[PDB]
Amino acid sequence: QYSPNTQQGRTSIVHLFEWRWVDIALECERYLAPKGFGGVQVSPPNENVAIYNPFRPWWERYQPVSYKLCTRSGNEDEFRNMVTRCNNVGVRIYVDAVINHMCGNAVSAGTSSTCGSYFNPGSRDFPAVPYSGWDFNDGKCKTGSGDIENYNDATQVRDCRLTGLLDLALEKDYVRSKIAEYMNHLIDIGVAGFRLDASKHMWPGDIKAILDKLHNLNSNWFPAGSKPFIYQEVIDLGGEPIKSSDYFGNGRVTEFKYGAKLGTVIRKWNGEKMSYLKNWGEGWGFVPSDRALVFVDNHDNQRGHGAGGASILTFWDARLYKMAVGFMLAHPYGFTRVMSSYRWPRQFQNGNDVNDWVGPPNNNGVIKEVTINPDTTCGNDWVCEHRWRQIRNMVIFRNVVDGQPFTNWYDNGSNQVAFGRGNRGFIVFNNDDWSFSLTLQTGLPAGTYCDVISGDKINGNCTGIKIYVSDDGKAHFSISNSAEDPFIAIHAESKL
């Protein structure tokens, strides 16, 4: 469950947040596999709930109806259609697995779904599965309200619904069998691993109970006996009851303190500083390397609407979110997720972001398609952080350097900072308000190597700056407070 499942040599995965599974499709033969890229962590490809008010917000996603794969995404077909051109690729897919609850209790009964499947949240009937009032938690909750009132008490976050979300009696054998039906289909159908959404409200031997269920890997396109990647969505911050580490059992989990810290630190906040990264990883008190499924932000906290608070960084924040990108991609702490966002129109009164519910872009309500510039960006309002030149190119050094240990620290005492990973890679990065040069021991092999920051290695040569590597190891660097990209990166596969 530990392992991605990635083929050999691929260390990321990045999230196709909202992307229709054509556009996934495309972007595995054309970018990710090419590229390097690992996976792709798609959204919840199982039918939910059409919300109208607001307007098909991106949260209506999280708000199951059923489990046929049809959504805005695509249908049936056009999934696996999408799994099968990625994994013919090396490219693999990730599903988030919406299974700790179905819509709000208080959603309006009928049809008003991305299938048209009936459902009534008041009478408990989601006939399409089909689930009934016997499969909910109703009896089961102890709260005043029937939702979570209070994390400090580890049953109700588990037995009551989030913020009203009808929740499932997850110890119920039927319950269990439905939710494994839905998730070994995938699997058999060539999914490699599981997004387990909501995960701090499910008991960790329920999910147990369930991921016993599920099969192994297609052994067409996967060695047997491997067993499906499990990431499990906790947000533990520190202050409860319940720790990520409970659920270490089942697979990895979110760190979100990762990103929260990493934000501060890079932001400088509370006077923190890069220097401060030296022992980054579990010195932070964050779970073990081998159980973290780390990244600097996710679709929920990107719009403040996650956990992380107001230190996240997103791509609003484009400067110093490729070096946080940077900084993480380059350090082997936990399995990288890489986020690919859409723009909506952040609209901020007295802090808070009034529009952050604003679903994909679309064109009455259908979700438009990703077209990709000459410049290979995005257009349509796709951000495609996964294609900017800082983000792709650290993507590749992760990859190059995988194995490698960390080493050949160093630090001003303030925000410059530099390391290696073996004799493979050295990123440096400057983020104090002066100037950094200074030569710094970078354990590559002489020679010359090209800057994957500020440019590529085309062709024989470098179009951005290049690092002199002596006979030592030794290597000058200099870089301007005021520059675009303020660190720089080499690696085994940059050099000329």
Given for the second form:
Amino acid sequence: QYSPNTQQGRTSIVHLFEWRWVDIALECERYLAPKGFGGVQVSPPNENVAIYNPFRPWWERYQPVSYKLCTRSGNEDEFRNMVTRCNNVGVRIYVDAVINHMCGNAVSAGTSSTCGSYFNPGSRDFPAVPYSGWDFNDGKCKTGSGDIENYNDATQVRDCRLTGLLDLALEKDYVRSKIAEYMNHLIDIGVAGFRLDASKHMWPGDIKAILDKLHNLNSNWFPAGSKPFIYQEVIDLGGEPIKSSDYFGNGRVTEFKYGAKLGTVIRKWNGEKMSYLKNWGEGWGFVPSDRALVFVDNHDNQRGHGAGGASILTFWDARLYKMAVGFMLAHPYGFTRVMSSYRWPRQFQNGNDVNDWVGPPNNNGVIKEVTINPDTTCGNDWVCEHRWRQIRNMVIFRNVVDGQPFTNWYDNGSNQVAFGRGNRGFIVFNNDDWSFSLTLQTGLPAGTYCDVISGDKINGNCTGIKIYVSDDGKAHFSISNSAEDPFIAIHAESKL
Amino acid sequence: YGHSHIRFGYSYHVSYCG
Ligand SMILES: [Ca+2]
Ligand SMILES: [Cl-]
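The form deposited with its partner chain bound is what I need now, so please give it after the form deposited without its partner chain.
Expanding to the full complex; the earlier chain stays at the top.
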């Protein structure tokens, strides 16, 4: 459950948030495969409540109606086709498994669902699964409101309704089998693994009991005996009874400390400086690298009120965001997930965005196609951070430098830092308000290297800055604080 | 319930707190 099951030399996955299945499948073939991406995290593929107040919010997809693969992203045929086409070009599919809960208890009974299945939250009846009142935690939850009130009670966090979402009884073999039936259906279709949504709200033993029911991966695309990649969403910044290490036996865990700390450091908040990133990794109190799923932002916290609050960097802070992602992709700690978002009319009142519920770009609730501009950016309000040259090239950087040790660190005691990855790559950062002009040991073979942040290596020449490494491995770097991207990254495959 | 552990964004939380 720790191995991503990616192809050799593909070290990152991208969260194609609210993307349609056919758009993802085409994206696998036209972009993700040639650009070296390892896999894709898909929005929950199972039927959810259609919520019209507010109008089709993104978070409606975390309120399951049933386990039918039938959503605003596509039907089972489109999903099967996406998984097949992606695997055939070497890009994996990881399913956001919403297994902790059904929809909210106060949702109106009826057929207002993405596949028209009937469901009655009031009576705990989901006949499309089927689930009944026996399959929920009404009895086990000891709290007055039936919801999660006190996060310092680990039992209530697990046994009660997350923001009123009906909490399944994962101790029962019947509930474990229906979830495993659903997950095994996705494994048989060919998915490489799962993001376990709201893992903090499930007991680790219940997770283990479910995972033990899972098949090995589809042998058409995976070696015999391959297990599904498991990364569990557990928000743990410390100081709470639930520790993300409690889930190490089931798979990797989302390290929400990663993006929280990295954002504060790069915003230069709270006296933090980039020079403190020298011991980045376990040194900062993070989970072991082999247990870590890392990211700058996720679909939730990029709206400002998730784990890490205002410190989370997003595409809205594009310049600072690119630096954080570049550092993450350059540093060997953890398995990196790149965020790919859509635009929404962010409207702040008292520092709170009242439109952070807005779902993907749509035409009367129908998600818009992802269109590609001639400059390779996206239209139809899709941000496609994964297609940004500065981020995409760093995804490749991580592939090129895979396995090479963190070495050759430099810092100025402030915010001008650099490091290398063995003899395969070097990266330099200037987050101070003055120029970075210095000659640094890169550890790279002598040659002319294309800076993959400001440009590309195309036809034996660079479209951006050129770095000249001498025979001693030294190279001079000159980065203005007014530079569009105040960081430079070179690697073995950007050498002319 | 409070404002400590917000999930699904601010707008969802405000409607949940009500
Ligand atoms: Ca639970
Ligand atoms: Cl996550």
